[PDB]
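Missing here is one protein chain; the remaining ones are kept as they sit in the complex.
Chains here go by letter, A and B, matching the order in which they are written, and residues are numbered from 1 within each.
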Amino acid sequence: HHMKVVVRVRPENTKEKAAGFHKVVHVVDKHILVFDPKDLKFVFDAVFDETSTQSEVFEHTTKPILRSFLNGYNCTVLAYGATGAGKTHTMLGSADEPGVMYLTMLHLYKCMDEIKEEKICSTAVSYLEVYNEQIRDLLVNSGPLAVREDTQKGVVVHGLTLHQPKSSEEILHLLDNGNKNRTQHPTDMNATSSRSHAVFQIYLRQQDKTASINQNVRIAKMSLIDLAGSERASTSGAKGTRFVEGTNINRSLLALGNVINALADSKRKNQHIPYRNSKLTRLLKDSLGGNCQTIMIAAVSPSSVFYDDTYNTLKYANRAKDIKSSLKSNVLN
Amino acid sequence: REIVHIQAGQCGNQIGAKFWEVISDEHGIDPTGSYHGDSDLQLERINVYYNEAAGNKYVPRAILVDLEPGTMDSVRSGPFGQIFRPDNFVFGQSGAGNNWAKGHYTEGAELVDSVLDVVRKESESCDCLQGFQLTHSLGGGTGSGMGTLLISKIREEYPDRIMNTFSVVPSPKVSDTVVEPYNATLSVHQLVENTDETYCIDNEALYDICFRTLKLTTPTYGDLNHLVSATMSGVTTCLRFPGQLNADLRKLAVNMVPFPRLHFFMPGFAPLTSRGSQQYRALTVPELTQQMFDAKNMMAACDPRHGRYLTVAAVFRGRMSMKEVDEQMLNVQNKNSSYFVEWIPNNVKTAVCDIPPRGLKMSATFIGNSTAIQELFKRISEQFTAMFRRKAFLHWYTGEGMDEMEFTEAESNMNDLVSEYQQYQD
Partner (left out) sequence: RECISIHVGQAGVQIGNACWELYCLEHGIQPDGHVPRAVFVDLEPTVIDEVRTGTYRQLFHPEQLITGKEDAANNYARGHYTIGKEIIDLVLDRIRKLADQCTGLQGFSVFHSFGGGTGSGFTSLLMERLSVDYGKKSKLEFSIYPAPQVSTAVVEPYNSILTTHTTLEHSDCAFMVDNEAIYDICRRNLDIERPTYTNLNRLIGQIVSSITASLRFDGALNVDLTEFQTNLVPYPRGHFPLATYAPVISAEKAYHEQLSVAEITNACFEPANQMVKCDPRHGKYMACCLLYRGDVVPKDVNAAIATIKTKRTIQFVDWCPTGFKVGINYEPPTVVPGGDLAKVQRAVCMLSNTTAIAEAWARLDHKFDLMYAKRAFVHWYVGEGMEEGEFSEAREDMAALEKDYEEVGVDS
């Protein structure tokens, strides 16, 4: 159905305490939120409170992943929100906390392990970034790998290395290499800003076997998206590489925002939603556009500077809610 | 502000001789001579196309990129041919084979670094760079392959500075080459994704507009090229003049591209009257908009009457009322509300220079972003599949280190580019 929108907040930050300013968004109930000035009541499929932990985001986020994986439906996950707001603390985890990427990989590994015999999966692991709208493999560090389409259509990056999980932990070790391998530079706003969008996919051919020979396989790729946080001109405050990087992030997010509006109405008519606008949205065309399910974790936070960021995170929630996907089967023979 | 022209391939070169033949007289620059300029205004802004060295030798700041010696050796051995500093000639005495793959991957790919070298010597000239002019044909090796590479590298070195492209899209009726859609579909692919302003010209749309709108019975190439070079002077150099309302490449870009594809335009000149007789001087202004907005008179092949507009830019250059200009444009927008798209309240971008084309009273360059150009990338994309299906002359590409997926890619891309353009015709 429609992608599920989850609103995730972060404990009061030094900045928030210093403002002393009401929380931007306060949840009356975990699902119900009130946004600041006015008399704004939003409802979601789910929301999380500032008290609500990453481990609540874990359970809630991974349950639709379990469903989609047993269905064979590709899982996509979008962490959206500005820098600072909690995309990495959700996705990566806190340092202490297991992250959603580890918990969903443990979850996937669980889905295959629970039933090894019917479901024999191969996992291939493909961690990439989108930096300056160039795609690079994080695991093989090289020049940006050429973008191709498949013979039919759908955009694939050739040369994204695969690995199979030796253990669950071994993916974390390689994935931390992928997490350093994305471009990062410190900012005033973040201890470390992601300069790029990061996309952990895996290629799971999961042969279900029947009779002597074989049944159908379900094919899932799953996708963890750590978007870069948006910045602004006045927020960047630095020209040069910092501006061009920040403007390159902002063009890609606009392209994505146009895609979401076009899906909601103009795609219901036709092709029009512009998958072409970014490298991410070209690969996302066969990922989301090819199959359900997606989930967006809109990270917000209660700072006053994050007001434009978080408000436009919740505007993005309305846009992603306005997106209805049908569920779509994914089967190979 | 500034720009640095680029003469990719023979055609883009041959035209370079005509673009610079013109512009120089539009700037009083004799062969190696200086500014003889009949006025004093044709000099406060020249820097856009030249450099100061001697004090009489303002050299054109272009690049001459070609794998065929005999070509640049005809442009350098003729009229204004002795104005380019020899450093500008980036030749490739290799076999300039008519293959897009031979000028983009195998033979052009070597000569590129010795080009980028100079494109940087000229960009790091002085003041502030605006962008680069690019001339070429989408129907050959050194044009569509090597010249499309030159830009894919330029757009990585300065994703800030603009990129105007003057492409000679393969004319319908007769193709002046055989693999044409191969060299073409492969370059348009690069164009849609690097340059951000393209002005597509058709050797036969010109012949028509040059044999019926000029009673000219023997339209040599020098003429076609001359006509084209007349528009690209009303675009750039022109707006680097004063005006009641002036623009510049960005205004033209920032008013004309609703969607980042880049979009391709269709230039049209204003006073296009045969010599002696037709010198009717019916150029008050309603006669220029009469001109520019007709079907015929669009240097493109396609007819605007076959598809809405997204933007228009009447870049006038000749003293006129900002009322009889800004007015006329309106009635034009209402007589043809049918074809003009609606989700843009004012499609038209009126622009007004002061000084006109040297010897004329009043002109106006037209830069139309119509959805009608859909019916050309259709054409090209058809000719592709009809021959790509049988891999026709494909062994000349693969045998040069190409890919069977590379042709697939370009067609599909540029074939999608057709799709999108229809999304606004509706």
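By our rule, contacts are C-beta pairs under 8 Å (C-beta built on N, C-alpha and C of every residue); 3 or more make two chains touch, one makes a residue touch a chain.
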{"item": "Touching residue (missing chain; options B:10, B:130, B:135 or B:198)", "value": "B:130"}
{"item": "Options A:216, A:250 or A:271, residue touching the unrepresented chain", "value": "A:250"}
{"item": "Residue of B:275, B:323, B:389 or B:390 touching the missing chain in the full complex", "value": "B:323"}
{"item": "Contact residue for the chain not shown (choose from B:62, B:75, B:83 or B:247)", "value": "B:247"}
{"item": "Residue among A:61, A:193, A:287 or A:312 touching the omitted chain", "value": "A:312"}
{"item": "Omitted-chain contact residue, chosen from A:233, A:327, A:331 or A:332", "value": "A:233"}
{"item": "Interface with the undisplayed chain - residues on subunit B", "value": "1, 44-45, 127-128, 130, 240-242, 244-248, 250-251, 254-260, 311, 321-324, 326-327, 329-330, 342-350"}
{"item": "Hidden partner chain, residues of subunit A it touches", "value": "230, 232-234, 236, 243, 246-247, 250-251, 254, 257-258, 308, 311-312, 315"}
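Basically, only the chains that are shown with their structure count from here on.
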{"item": "Centre-of-Cα separation between subunit B and subunit A, whole angstrom", "value": "42"}
{"item": "Of all residues in subunit A, those that touch subunit B in their complex", "value": "148-149, 151, 153, 244, 270-272, 274, 276-277"}
{"item": "Complex interface listing, subunit B residues touching subunit A", "value": "159-160, 259-261, 405, 408-409, 412, 416, 419-420, 423"}
